[PDB]
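Asks: Here is how the chains run, residue by residue.
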Amino acid sequence: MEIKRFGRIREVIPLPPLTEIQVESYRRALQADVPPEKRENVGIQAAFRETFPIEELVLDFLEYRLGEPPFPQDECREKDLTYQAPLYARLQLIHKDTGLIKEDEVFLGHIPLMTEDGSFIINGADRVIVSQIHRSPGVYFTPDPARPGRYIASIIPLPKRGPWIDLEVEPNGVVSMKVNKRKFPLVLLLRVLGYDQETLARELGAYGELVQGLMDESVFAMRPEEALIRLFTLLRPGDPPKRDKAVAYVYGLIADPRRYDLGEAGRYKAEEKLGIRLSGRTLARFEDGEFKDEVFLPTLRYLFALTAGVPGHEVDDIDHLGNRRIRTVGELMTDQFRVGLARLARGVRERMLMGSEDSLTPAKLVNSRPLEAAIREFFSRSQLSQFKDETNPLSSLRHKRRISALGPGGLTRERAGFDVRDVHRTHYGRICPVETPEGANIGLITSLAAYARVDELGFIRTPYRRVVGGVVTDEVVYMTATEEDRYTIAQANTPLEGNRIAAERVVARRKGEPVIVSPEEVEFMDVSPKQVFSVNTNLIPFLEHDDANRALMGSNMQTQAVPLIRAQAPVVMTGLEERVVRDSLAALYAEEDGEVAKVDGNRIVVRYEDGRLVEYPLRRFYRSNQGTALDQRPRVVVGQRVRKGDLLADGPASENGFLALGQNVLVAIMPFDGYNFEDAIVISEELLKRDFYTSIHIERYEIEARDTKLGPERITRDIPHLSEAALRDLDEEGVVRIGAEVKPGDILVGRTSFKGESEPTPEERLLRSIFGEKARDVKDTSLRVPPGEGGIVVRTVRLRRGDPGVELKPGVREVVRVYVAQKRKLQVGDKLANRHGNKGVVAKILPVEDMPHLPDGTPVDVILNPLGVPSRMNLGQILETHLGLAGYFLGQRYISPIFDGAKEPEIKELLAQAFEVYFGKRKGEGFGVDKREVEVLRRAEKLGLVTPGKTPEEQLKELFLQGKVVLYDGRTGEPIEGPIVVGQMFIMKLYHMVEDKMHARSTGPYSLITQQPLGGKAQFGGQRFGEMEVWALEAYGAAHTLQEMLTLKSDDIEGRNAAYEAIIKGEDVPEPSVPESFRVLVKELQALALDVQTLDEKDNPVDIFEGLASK
Amino acid sequence: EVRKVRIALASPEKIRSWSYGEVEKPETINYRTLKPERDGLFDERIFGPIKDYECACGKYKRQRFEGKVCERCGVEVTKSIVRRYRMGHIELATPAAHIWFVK
Amino acid sequence: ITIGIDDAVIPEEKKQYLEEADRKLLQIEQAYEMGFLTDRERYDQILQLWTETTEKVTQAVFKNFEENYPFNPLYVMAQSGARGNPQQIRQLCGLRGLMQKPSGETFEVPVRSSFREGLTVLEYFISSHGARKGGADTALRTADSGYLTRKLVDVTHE
Amino acid sequence: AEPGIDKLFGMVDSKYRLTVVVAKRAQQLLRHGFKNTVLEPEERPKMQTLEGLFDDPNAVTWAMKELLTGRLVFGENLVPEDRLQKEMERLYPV
Amino acid sequence: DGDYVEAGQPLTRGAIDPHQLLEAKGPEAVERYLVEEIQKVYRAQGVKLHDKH
Amino acid sequence: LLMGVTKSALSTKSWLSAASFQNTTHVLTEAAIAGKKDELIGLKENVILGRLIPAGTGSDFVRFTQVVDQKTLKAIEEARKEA
Amino acid sequence: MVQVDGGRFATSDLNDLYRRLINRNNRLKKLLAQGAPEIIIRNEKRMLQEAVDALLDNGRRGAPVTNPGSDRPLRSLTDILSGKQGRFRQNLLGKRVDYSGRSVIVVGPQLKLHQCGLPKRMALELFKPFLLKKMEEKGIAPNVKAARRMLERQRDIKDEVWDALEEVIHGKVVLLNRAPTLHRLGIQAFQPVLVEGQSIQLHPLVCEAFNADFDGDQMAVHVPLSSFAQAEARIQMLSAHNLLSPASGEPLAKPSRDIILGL
Amino acid sequence: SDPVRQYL
Amino acid sequence: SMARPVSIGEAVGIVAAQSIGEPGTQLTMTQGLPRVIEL
Amino acid sequence: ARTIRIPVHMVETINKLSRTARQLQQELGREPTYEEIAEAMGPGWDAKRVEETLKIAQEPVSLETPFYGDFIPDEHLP
RNA sequence: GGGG
DNA sequence: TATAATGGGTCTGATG
DNA sequence: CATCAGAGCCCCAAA
Ligand SMILES: [Mg+2]
Ligand SMILES: [Zn+2]
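Chains as they are written, first to last, in PDB author numbering: chain A, 1 to 56, 64 to 1118; chain B, 4 to 106; chain C, 947 to 1104; chain D, 2 to 95; chain E, 1315 to 1367; chain F, 1420 to 1502; chain G, 527 to 789; chain H, 78 to 85; chain I, 1210 to 1238, 1253 to 1262; chain J, 255 to 320, 328 to 339.
Bear in mind the hints are in silico, worked out from the structure with no lab data behind them.
Possibly wrong hints are sitting among the right ones.
Stated by the list, open to error - Cross-link-like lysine-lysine pairs, in silico, DSSO-like; alpha carbons within 27 Å at most: (1) A/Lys762 to B/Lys7; (2) F/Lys1432 to A/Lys1090; (3) A/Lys1090 to B/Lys62; (4) D/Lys66 to G/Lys556; (5) A/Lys1090 to B/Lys38; (6) B/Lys64 to A/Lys716.
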């Protein structure tokens, strides 16, 4: 239909590939599509060129190669395998005594491969490697807090590739050095480099307080080797200062590009800050016989000159986005690869001096294991390897552009304070200031800004347009937060007459701070209001009218939009709803031009112009990690002339290529009898009738049949002590038939297992011998449906030991998986939300005849409550409704760019045109004005809404221009005394549905040691009655209710068994005994040699073990 | 009826008063049979029966035998709940200081 | 009772109060470029000015409601204590106010827009430093309240 | 609110002695099948089953209603323990 | 200047060390200070909390 | 003496109370050495043991209250009037 | 030392701290009988100490002992007793409990102050033992153990079952709890009104004490078993009996939001 | 304080 | 909570702790909670 | 070294299966199936005995593994 | 890593 | 059971 | 001036 779009900002460069932070980082880390000779020394290559050669016999690395994956992506998801590639490495064993060279290509295991959308398949589960943000390697000068006048120099290297070194200038005037928590005069270290007292006054010389306060005479009276042996003793109480044990330890600690590594970024930073050229990523080196310095004196020279007032010397802001850098997926993985390569090198040196010093090929000298482990470990146990969020296409797209400051090498929840979570003035254009969790993680997890791109060194860059004189160029320039600070940068909406800055005064920034400046002094202009926020935040229409605290919730809840079967894109969009579907790869487009051959629910075929007939099969109804149904539907018909990049199939939560996280419902803002109370929402039963807010959900149930020392488990249909009604939907083998409605209690997969020395106890044998039958060998252990689960069986999967291409974990014979689908309609309890932070649980579903309806009989869909607006201050939804009202009658959808969208005048113009359609048809259709519309107008007049002395038409239009309309109560026919705001709103059904959360337990599983009930709905757990809930019962003085909580209803094995028998018999519960968890306390104190005694009033011991513990 | 709860130091004697046997071997359970190893950390000879009213080797297997210690295997016939209550002990070669009273 | 964008009634007295501030502000910048005033004196004078301006338009917002629109939904929900307080209503109709820098000091330039008129990105961004700081503060504080309550239950339970 | 709770709080010096009295009496009735009730048939609490009006099974509801009448005496050290459990098991068999 | 102070009356401004107060002015003085100084915080936030707690 | 709530909480007579709060080992070692008897006066002591707390329905002031009808109080009066 | 589903074994950490000690003790008994040198015996006695101290309080002194190929410190006896995850706080001062459930809460404007909306599905499980005895006493099943078989398949459940539950819950209350429980009104008693559907229905007037809105909040249900527990819940903990704050003395259940707006 | 270094 | 003389048995101490603690969440700005803890 | 003590000769065989399987993997570019191991192990070795040898070569997992024990229902006590 |  | 092999790889507050 | 012990609750799916 018609798509009117507003906005006057001309966006030159468009958004970059929104997943490149993942895709590019890993392709650069691996370089599998690059011929070995042409490989740059980075990532996987750089790791090899750091671990090799291995000095005993000298083994060496030549090149690596990556093979093709053993199984396709779908087959890895299907079989719970890792989508990976074989890694080989051509090595040669050069015998540094003879010269013998045995060469071979050794298999080092598999490396997991990244899929087209920048995610991973680890054990058949999609995962995402969240980028980490950390303090950049380099030299940092920060002021002493104990001593206001002096500073501190810090030399931070890349994580776990060097120690932090601090150069505090102690109360004494010579400069100290704190490494590995020790401390000592830096004078001694400087002597080791070969420094002579003349080169200290000559190079330094200018601060006789410091240049000469540093030079001490007892230290200089010794050679570079004499001091190298003094400091080796000042740092390892116990080792004997050998001159090949000291130069081995210190070189490895400070000069060895194998244990110490300033990154490639750390190099640049230290070079620039100090204005020198660093030959290697390291603080020192071993050249010509001794130690040549590189960083220690430049640093010392700077630190001194900034205890004066010398130019260029300035402290560093360690929170500046020029001093913090991102560690993408490539760097995160390569770091674990360098660790599982240094262990393999450890096992190489141990095999190189015991075995046969001449009978050794590279093959039996290299054990892959320590490398397979480290890699397998990063992808399964790392905090940055997260179960992929693929609730909808936007969930995964957001997950991948997320930035975390926690994890291995970063912070810790308790280790982080205010400074790190703040929005830094440099976040502007790089890190979205809205997208971040509410709660403990606030400010620690964030999102990459929409136009932001991470550079090779790892710094986030944002685009700016060049202003020259007063002419704005189409030239774009990406900058770091350090480059940015050198320019006066104008704002995106500064008036432009063509390519010229139209305004006398322009709004700019100078080092983040806001300044009013003339067009002469403008150097760069923002590229767009989109470059400041995330991708989710950029999806909120009218964002400029919303409080940040509520815009955050609207950003995050889009990630929780469940894909609906009738999903539709919002009536009011921001103009990102297409690039998001495109870049998420959930939809399917045309590779070149051509015509469509066949179209089906399963596959599309495209006769391309190249003659080649391509066949795109369509993801059809696949379960996601969170169980929403990912499903691709066709959007072209047989013989359609399609151009390049044209849409061939919608992904889930996609409508004709636009992101569709929810539905456009007709809403009415007004209290409604209390069912609206404190954020609850009221909805029309009409929404369920036309299957609005209905979503498909798939749950997978899995069962194992394993070998036991008592017998084999069997997936049979022959379950003991049962009836045919229970087995009616099971096939010949004992697996529920595809297409059967299963409810709680129903058998999904029949299974039997033999019993133990629980071989029927006599009172059972006597019972069976009485009833004719004989105790059976095996028992019922079938997989049943859990409470509150159910649906329609849509696929069964059988994998057995013996069938081709399958092999299970040791001892397991067969594994069966049953996939159950359920079409979920909206229901009381389900959570809804809009893009503005308005969220609520459906509290009431009214029949259509109770809904507040318009005068022409149209009932509303949703009844929001106005009390949720003033305190929250998210007015964007109010504008969204007004413009949604117009679009309802004009039949339009609008694109309203962020901070550059439709403004109130413009909206009113559409509403006026819309009033003609809503009322114009009425006054020719044979209807004038209604009596009750007049009554409402009489009260609107008293409310200052309408102009006194105008006809009812002019007055209804005046209310329509304010978005208000006459509304009839459906229960009475009488009007709502006032005009009510009504219009179309985009509301999403969120992943939090009551069907998932309703849970209740009488009795069930207890825990092994405590005998207290297990937790969790999946375990059929009990609820935790914690410390605070006990306090509540104490404060009520509810003594017996509490006692029952601490005994009968938990771990009083005696009382809890006796209670149940009294309730099924109709007797009042018994008085409780001792909680078993107290006996565990007594016994765990005896285990500590502590004698706990329960005594009476005559101080005589009381046995709480009933004689079972004494002899 | 309980009314007070005293806590004090257990002498090595009392620590042996509680004990039902000395754990002499680091063995846990038999790798073939999965049953508790003799004089190990889970020996029913010490800590009690694994099954309610039944010795290890199955000589006695009912409540017509309560408090009897089988002579073939040496396991008492009682409620297997005692595996939660019956202490064992390790006789140290030389004395060791209880760290709570040191640090 | 409903909320329509026009119910965020922007008081006509706003334009004046801004004009008066822009000129009182241009006098304190004379004393600064003329050397009369120091830098600490300038900052403190400006901040006193705008918090004072803010009070003048919040009075105007409520006076304009009471005299003319006594049944305006925002006014009614605030007056009855059903929802909202003066400062939130001030942000819907008058102006946003002055915002905090990450450090803790106030910005000298205030967000002049209201949520009704719509903020500029730079206005929207400057206000982000304050929101984020309150969320972090709310989080690190919830921990210490709980710990405090536990010590108290533990010293009084008997 | 429970029917006439304000009068019940007026009967006792501490609100917790009311709960003890109500609870013990509620148990006195359940153990004796309500034979010992001091209510007349017209006073008896009822619940509306699908079939019709029947005696309220909730003994705590009875205890409170009985308490309001004044036909219950409460207090510390009125009669020996088991001297009471003997002559009430006698008057109203289980 | 030349004024008449109690034993335990603040001379500087700022918070009082309750241990210095307990030694100078005694138990009741400290208990008064603690209750009042705590209530000053809850009243500031608009929290009606009875003193006896 | 004046103590903050933490130090005051740990200094209490009941080791069951103090052990369950903070400084569990320190509280337990000093208690075991002195052979402290916990009289179970407070509430935590009785919650750990699962006893009826000494508060509300548990208070000794109201726990022993007896209930008896007049048709029964007076039925036991006569049997205890002669011998 | 227990066998899990997969037949694999899961063992407490204390066993490896005991095996550590028993190896070092036994090797010391052997080294003594074989008259080993002083330097050897003392090294063994040191290790025996260091084994005793990993068992009683691992990490206190020296490096924490750890199972190979994982930096996780083993869980010593001290660690079990103390901390927020310790025995006291996690198992003695607060337990998990039976006869309890949770679900999403929804506003119930039509409720009396002493009432709540309880899903019939939750009420069945929560009162399951009561429901069995009532089913036997009416005749909906012949013995309690057959009745439990009936409620086990959702299809086998009949209509007269839901009428039995209504007879069961008569007059009795359930506890509702929202977290965090900052004061005693985080737990309040209610007469449960059986409803279809999944959500718990809360009274609007109690939302302030609980600090519950309807942006997704959930609440826990708890069933007082004994007549004593029922009596304490109905007299002392009933919402309608607790109208004034215990801190200020001011009203807590009081008009707010729409209620004030209308008046 | 380090058992290996002590024995060495 | 009842505008009448307290019943003997009321867990006063616990009530006092919940009364002081519950308002704790909403204490902004030693200024604020920190000052309450300092006391 | 094993919480479940294994007879020293059985450890030798378990290690042997390990060194054998790694050899195969390093000349196959993939992990060997049980058949390929029984082949290299020699005479008397079928895939069944390879699987059974691994079943008993499985070392126990910690209950305190981040807790994993919290999800194990007690089956013994009724 | 989400919810409140 | 016998070449010889000999030294490792935050943030505050309370208490001694 | 060093060492140790504290640092909110409940719930979910994962492993
Ligand atoms: Mg809420
Ligand atoms: Zn035997």
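Asks: Indicate, hint by hint, whether the structure satisfies it.
Replies: Each hint, compared with the structure:
no.: 1; hint: A/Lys762 to B/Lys7; verdict: 46 Å, violated
no.: 2; hint: F/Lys1432 to A/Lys1090; verdict: 23 Å, holds
no.: 3; hint: A/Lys1090 to B/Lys62; verdict: 31 Å, violated
no.: 4; hint: D/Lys66 to G/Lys556; verdict: 79 Å, violated
no.: 5; hint: A/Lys1090 to B/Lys38; verdict: 24 Å, holds
no.: 6; hint: B/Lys64 to A/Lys716; verdict: 22 Å, holds
Hint compliance for this structure: hints 1, 3, 4 are broken, all remaining hints hold.
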